[PDB]
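Based on the hints, put chains B, E, D and A with the ligands in the right spot on chain C.
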Amino acid sequence: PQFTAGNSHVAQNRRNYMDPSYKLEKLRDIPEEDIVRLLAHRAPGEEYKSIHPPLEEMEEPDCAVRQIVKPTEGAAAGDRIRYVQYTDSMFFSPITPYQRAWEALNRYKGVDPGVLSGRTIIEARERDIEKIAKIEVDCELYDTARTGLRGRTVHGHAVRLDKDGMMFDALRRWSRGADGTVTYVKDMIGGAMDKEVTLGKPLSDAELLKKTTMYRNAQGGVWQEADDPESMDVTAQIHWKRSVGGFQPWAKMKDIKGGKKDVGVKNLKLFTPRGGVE
Amino acid sequence: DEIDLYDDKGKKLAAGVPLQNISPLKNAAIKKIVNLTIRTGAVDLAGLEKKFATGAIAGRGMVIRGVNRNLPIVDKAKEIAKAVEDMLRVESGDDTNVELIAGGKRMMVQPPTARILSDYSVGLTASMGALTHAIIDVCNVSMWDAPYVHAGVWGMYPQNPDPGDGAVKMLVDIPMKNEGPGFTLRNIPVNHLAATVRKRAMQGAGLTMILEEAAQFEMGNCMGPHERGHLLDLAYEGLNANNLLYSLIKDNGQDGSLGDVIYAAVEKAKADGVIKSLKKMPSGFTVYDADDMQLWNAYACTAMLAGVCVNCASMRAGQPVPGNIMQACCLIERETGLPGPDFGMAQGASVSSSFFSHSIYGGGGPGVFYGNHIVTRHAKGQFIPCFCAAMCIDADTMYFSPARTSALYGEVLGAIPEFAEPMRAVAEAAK
Amino acid sequence: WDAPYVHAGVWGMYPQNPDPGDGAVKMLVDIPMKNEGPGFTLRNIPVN
Amino acid sequence: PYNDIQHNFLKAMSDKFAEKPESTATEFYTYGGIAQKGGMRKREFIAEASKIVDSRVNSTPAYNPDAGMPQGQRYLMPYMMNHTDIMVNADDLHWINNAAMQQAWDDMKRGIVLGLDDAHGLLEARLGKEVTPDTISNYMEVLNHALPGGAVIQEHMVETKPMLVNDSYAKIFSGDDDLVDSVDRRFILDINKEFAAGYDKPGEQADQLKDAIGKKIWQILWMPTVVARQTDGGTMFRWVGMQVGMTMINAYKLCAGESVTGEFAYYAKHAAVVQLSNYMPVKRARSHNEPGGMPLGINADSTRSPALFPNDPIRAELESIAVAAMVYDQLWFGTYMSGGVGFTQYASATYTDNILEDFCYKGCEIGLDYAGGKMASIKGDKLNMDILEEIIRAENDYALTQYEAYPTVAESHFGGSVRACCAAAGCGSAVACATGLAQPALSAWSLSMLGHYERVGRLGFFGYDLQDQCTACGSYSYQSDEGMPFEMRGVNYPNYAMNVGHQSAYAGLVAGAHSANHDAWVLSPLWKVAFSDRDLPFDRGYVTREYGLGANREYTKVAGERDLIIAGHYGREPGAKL
Amino acid sequence: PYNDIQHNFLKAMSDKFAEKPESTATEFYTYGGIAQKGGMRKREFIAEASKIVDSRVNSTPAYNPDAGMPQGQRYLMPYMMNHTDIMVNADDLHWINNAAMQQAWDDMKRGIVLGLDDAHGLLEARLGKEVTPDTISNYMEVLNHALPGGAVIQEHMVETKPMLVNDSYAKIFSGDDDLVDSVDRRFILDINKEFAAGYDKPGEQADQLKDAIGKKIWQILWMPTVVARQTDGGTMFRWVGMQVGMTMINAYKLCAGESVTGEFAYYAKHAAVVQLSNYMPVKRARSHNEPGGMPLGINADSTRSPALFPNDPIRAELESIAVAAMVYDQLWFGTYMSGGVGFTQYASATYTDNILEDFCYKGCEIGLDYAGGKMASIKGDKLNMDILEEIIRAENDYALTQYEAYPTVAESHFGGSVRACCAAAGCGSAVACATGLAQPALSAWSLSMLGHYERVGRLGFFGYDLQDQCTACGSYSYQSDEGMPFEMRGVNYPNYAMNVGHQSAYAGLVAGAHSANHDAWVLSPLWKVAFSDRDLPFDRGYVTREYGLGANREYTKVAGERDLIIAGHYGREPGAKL
Ligand code: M43
Ligand SMILES: C[C@@H](OP(=O)(O)O)[C@H](NC(=O)CCCCCCS)C(=O)O
Ligand SMILES: O=S(=O)(O)CCS
Ligand SMILES: O=S(=O)(O)CCS
Ligand SMILES: [Ca+2]
Ligand SMILES: [Cl-]
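Residue numbers (the deposited numbering), protein chains in the order written: chain C, 2 to 179, 181 to 280; chain B, 3 to 433; chain E, 146 to 193; chain D, 2 to 579; chain A, 2 to 579.
I should point out that these hints are in silico values taken from the structure, not numbers from a laboratory. Where a beta carbon is used, it is the ideal one built from N, C-alpha and C, also for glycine. Incorrect hints may have been included.
As the list claims (entries may be wrong) - Just so you have them, the derived chain D footprint on chain A, three or more residues with Cβ under 8 Å:
| id | segment |
| --- | --- |
| 1 | 69-75 |
| 2 | 85-96 |
| 3 | 338-350 |
Unchecked claim - One side of the interface only, derived from the structure: several residues of chain B facing chain D at Cβ under 7 Å:
| id | residue |
| --- | --- |
| 4 | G18 |
| 5 | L21 |
| 6 | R67 |
| 7 | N70 |
| 8 | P74 |
| 9 | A153 |
| 10 | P160 |
| 11 | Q161 |
| 12 | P163 |
| 13 | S285 |
| 14 | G286 |
| 15 | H360 |
Stated by the list, open to error - So these bits of chain C aren't anywhere near chain D, every CB distance computed over 10 Å:
| id | residue |
| --- | --- |
| 16 | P62 |
| 17 | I82 |
| 18 | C140 |
| 19 | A171 |
| 20 | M255 |
| 21 | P275 |
Looking at chain C on its own, in the form it has when it is part of the complex:
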């Protein structure tokens, strides 16, 4: 597939994170039981609750779709539906909220992702969501400074960073060691855990610039319009085709008075410097 448009490394990051054929780099290896601790829907070693009998010991509606779509393992077992939630700093988080949903719904079977500015939640059957949490906490989409596991009190994505480059957390779920190592000392909703969970050191600024999916005209990020005109070129095109269609769905752009001459524009001028500070 094409996935998305864009000519810059940020656009390629987007395409990779969306691409199931692309294997995401692993930065850490959090043990499953520590994952369970962090989510705090259950205690490690505790058996999965059921909201209904396993599908196999049940007669389903005579539905063609149920017939041809395999349930996930969590669904087959009748697991509860629980969730994992991340907050992504505007300061070059490796992945951004919208791209999380693109990633999730391309890569995973049977998920319910929701995108907001300061939180992205994914819901799925409990055992399924535990597996997704590990994958997403382990890999390059989670930075221990610019990403946070937060099921409530998410404030901070747009707040300035602290001295060490950590994103603000009002519940203080994390603790930072002298060597930069980040440990979670509370669960993802700020509850007490029986033990601390080490996540690891933050990526460097250069690495963050390299890995991020955001365009950001500050602190050396990619300047969308100056560095990647293709990006808005194609987004604008979508915009105008929706515009024409709402008026008359059958209409072609060429039949419109003052319609676009082409994709893109000839005379876009910018009114900020690179890095924006003046």
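Okay, now just chains B, E, D and A with the ligands, sitting in the frame of chain C:
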């Protein structure tokens, strides 16, 4: 324009069907489905009997002491049912129908089409008027007691404009609760529809899209060339035209993701010549255009529904549908540089329904939405059928499920052949 | 660019206003929301 | 008059007029207009108006009797609050001039009842989460911080100044005594304690209530007065949904915004909610929780008389009447549906001078006489048209005779509208006490009105007898919009939808029948319990007393004022007083 | 940022944060929670809660951060009112804590416009009665006694206390200069005086208005604030009906209640009335004159900025925005349609810190740049998608860069929803200034939001972009409920009906196009004139300044308080202070 119609198992039902043949304005099956939808009431006589005996004859949390009467309506169920039928009849052999169900605990009422002169809400009123006189006459209720019967049957009406606390239950609502002229057939909860097709997803989507598109006509949205786009959406998304819908689900149902369906749909659109290169961007990315935008929209809407079915059926749960529709639209746009289903309106409704199914502010799970709902009304017919599909697929993971909210409809409306097999009904009539 | 003006002229303040009465098409009867109950359709017709 | 002065009009008439209550003549044109004692407020108003004109940029004029109708060519009479010894100025009964009246209706408007059991069932069904009396206690504590406008989850939230919203809080009640014992008592509205009233033994009322409610838990939530005042009644169920929503997230450690949150919204806003009233047909477009959609029975259940005076069905009528006169006539018909000077005396006639009090106590006496001294004994096989007609004609003659033989009483009730209302209310009362049944009270209403026109040759104002002429027909009708049990009616019941001088009485009759029937409520056991809440500003047990305090400006219970956040008032200049 | 600090965000950022505006780092966890300056109100609120608990019968708890979310792990920041030097506490922007915001909306709600010409026409047709400037002058004098609750016909009427209703009066305006000259000037709202503003010469705005209005006579009547607060907006047209009814009877010597009186009712309540807004579909059931039915253009026309600063289209935008944020977001979405802590900062983001101010002035600059320095020149054959796209992409990059480059700005606008609202408003302003046309502002809105999601990887809250994804489609649609001109939209336009962070900006865009277009109003010449009335309590020409005074409790113009008729307040014990 021509399409082939296929059933929920990928088997062809009709070929070379002119697009007009499945129009709500012309298809006898659709017209019948509409007619049944406004005429057919369901009554829980056992519960009504209990209302009278306990004085619980008003609204929620209300009880009137001292007006308890024991009226053997379930006992005399056969007499009541016949009195009603005779009152509803306008002429012998007409389409009047009344049936007792579950040993007379429950009753179906269908006033004849002829009693509806102007106002579709006669389906409710004729039944309510007939039922209360039936009870009074059959159970020999005295003048003094007559008003309690009115309350049992009509609820809080007229003090409350909504007779919802009363005895006769319809799929549709009273005219006042409709959000605009022509919204009549939109005011039908997803859970009621899901119950009605007995939780078979494609029948639910189909039935729901047949009602939505009929409403679209009634709203005035299908005049002139605008019509074609709606008929294409209905045929492809709702009726599995040329097996695109079933095919997308079948091909991805084992280990496919939502994105997989979307991309498979883009590739089919290309193969079928629906979309073609417009311009190649510096990165190599190709923006596509479509000579026939309405047809592309039909293909996109089908992609949308198929993506919803695949993901929700994987989870065997309904809650994913709004976020599914959102990324379906978003991703199909990013893949092609063309506009998503209903030119952005479907994505819009997916945002609001995502919000109002995961927040404190209103809505609920998908089963409490419907085409008339302020949250989900925005798309021009293509959106709500996905919801019904999702709540059919739901394995009772949700609290407000059709089993909880809509059992009565499943039981009473479930055996109506046009409701049970809407696609075959349409395909037959389109021949 | 000009199409919305034509909508205003024909549909009135609708949908912002539930009542399209400012619009261009005049019926004897009214919109369903303004009926005082189910079955009242044919009653919503001014004597004048 | 009634034999006992605590209920007859003889003290009011005596203290209002110089001459005897049965006097037939008086003196006019010699009071000096508003120079007289009853012109005191109007003098006060003239003095104010001058300062108002001074502050206006083009000196637009304001209150000026000379530009209108100057008052007091006759005696400007004071009023006595029913079953009190409190005299008030006529002007001080206008709802605008009376903060107690305003609070009584704001208290009703800002209430919402919400089931809790559905929430517990949802927690269990979807999450398997434990619900205990301790979690419920914690839930209610969080709720009582959140509901008035306190933050429970987010950082950097603004919050409400508590003294601006100090009338907002939440309690729970339940028919399950064992659950009530287990929950922190600070959150309990205790049915056993508010309803220890009985007829044959202590706590019968509680018994009736707990049986009807069963082992269920219900919340009563009161939103801030200032919220009702700034917005409307439609805010209330929504406000509950929001803050119960926030509380649930906190109390049960959920995601702050997951699918379960969404179902909690539907639970709180639709599935388990109990409102004061639904909306209105759009000609009279109104939000939820407004007077237009509030049934008569709910008005009655909002009063505490039946719990405080279990053996006094007529006090229960008159207290319900006083709330209803003010809500339905002064506010709803006199403002919501019209405005201006309004309908103060159309209303106050039913709660002043002990005149309606007199008729209704006599009516009950007559009803009992005809019931062989057995209250509420006329029903079933004993209910017939003959004995009703007999009861009605007897009371109707007693009441209409009072206005004729004691002309001060008619001078007080100077418009035939309130005379009709009151005579009919008395007749309805007689039938109430005789039958313990509301519906037959309508037969008494119809017959009283028709008999009144027939006897006196006049009735009420131009359009007074719309519903009265409809009453016989709608009495026992079961047609679509024409029939309804009395308790369930209101001002959306079609022929009730326009006129003063009726609903006041109706609220009484509905209370009368059920108090005489020894019923602990009229329509809603849930609203009955909620309104017993002793933390409400306005005293729902002593309604006419509260009105009297408000009239004389001695009322200390108004909520929702903004004095704490302003430096002055519009039209009033700041700076120290000499 | 914008070159001129009077409109840029640099003074606000400088005065809010210790670090530089472009700083990327700060310090957390060291403020002592609410011990910090910005915790002052919360400490105040804690001290009050204790008293509230002490007053309750079972000690039901109230405000308690420890039972919710304690505040201030981060800096609790103050805000600067847009285009002022007024700093405020965040807590003081909540509508409940701010009497100026309350008065702003009450003033709008209590207004009704009513033509007089039809009444004269009726007087002539049925009675052959002469109408002269003198009789009109007498009529207005009587009306100004009657409207607030004074009697004009009947004996023994109760009346309202003028200081409780001192904000109620009526004026007339007309395009007929000779009529205006002839009428007693105390009753005139003078168009030539309130609209002396012009562009190429004095009085052009007046000219526009008088041409649109013509030789007609219109009344603006304001009802008492306390009436809005006790009841709802549905009262307003009815109240005008009643008191205009009574005035007609007096000023024209009619029978007090004949057939002509009936036709005067229909004339007043239907035939010639102009309301603020119509009712709502019943899910969100509401009376007339509430925010749900109020079009955006009326919101805009209610501000005075265009008559006070005719060459400053962005000030017009920002003043309309300030009214709209508070009305649509804080009150309507944040209360009428939800409640609780609500939506203070969703709103205040658009009227504080000069952030939206900065974007919109830069926007106008960019749009003018593309319009060759000729404001409003991009119309007709010059109007196309290419130039729009160039304008929108330029300004969108400008505004989104500000949040990224000056992180204090993002920290102030911490929720993506307000960043989106403001970037999009900036784009809309750019198009408004270039085109002088509202509809194309929607094209900028759509592209800005889509460009935002695309650039940043995120947008607003969970359901922020419902209307935004619909925007392109609804742009130029003519389908039933899907299309309509921007000016006429409001929160009953379907996809507009649920969400914060839009209607604020929209009110601005609709004003900007028109001020740039040298139009004296947006939608309604009648409401434009009415709201120019300088006797209104809230200053509709200096909105953000008023909000600032309300915040700091320095506001002196609140109406409708009841301090004059009470001896105390609920929850506050009487007795002298020590
Ligand atoms: C200026 S802007 C701002 C405003 C504000 C806010 N809100 Ni919210 N909410 C509310 C509203 C708010 C506002 C305030 C103002 O000021 O305006 C309110 C306030 C409502 C009421 N109830 O009142 C509330 C709160 C309060 C407390 O805390 O309690 C609730 C809760 C909730 N809602 C829902 O539904 C869901 C929820 C829960 C949730 C939670 C969260 C956490 O966890 O933290 C959430 N949400 C999420 C979110 C978000 C979204 C996105 O992201 O975009 C956001 C935030 C972010 C950060 O960073 O901070 C937001 C916001 C914003 O934005 N939100
Ligand atoms: C959707 C609908 O809720 P229901 O689905 O009917 O519960 C609607 N709420 C409002 O849209 C909430 C708007 C304000 C809160 C959200 C702010 S973004 C209403 O109560 O009428
Ligand atoms: O119009 S009437 O004269 O009938 C009485 C209104 S108070
Ligand atoms: O539900 S959301 O978290 O999107 C925001 C509502 S404030
Ligand atoms: Ca109010
Ligand atoms: Cl005049």
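These are the hints, each one checked on the structure:
no., hint, verdict
1, 69-75, "holds (count 5)"
2, 85-96, "holds (count 5)"
3, 338-350, "holds (count 8)"
4, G18, "violated, 45 Å"
5, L21, "violated, 38 Å"
6, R67, "holds, 4 Å"
7, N70, "violated, 12 Å"
8, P74, "violated, 18 Å"
9, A153, "holds, 5 Å"
10, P160, "holds, 4 Å"
11, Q161, "holds, 5 Å"
12, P163, "holds, 6 Å"
13, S285, "violated, 36 Å"
14, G286, "violated, 39 Å"
15, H360, "holds, 5 Å"
16, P62, "holds, 20 Å"
17, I82, "violated, 7 Å"
18, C140, "holds, 22 Å"
19, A171, "violated, 4 Å"
20, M255, "holds, 40 Å"
21, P275, "holds, 31 Å"
The structure shown violates the earlier hints numbered 4, 5, 7, 8, 13, 14, 17, 19.
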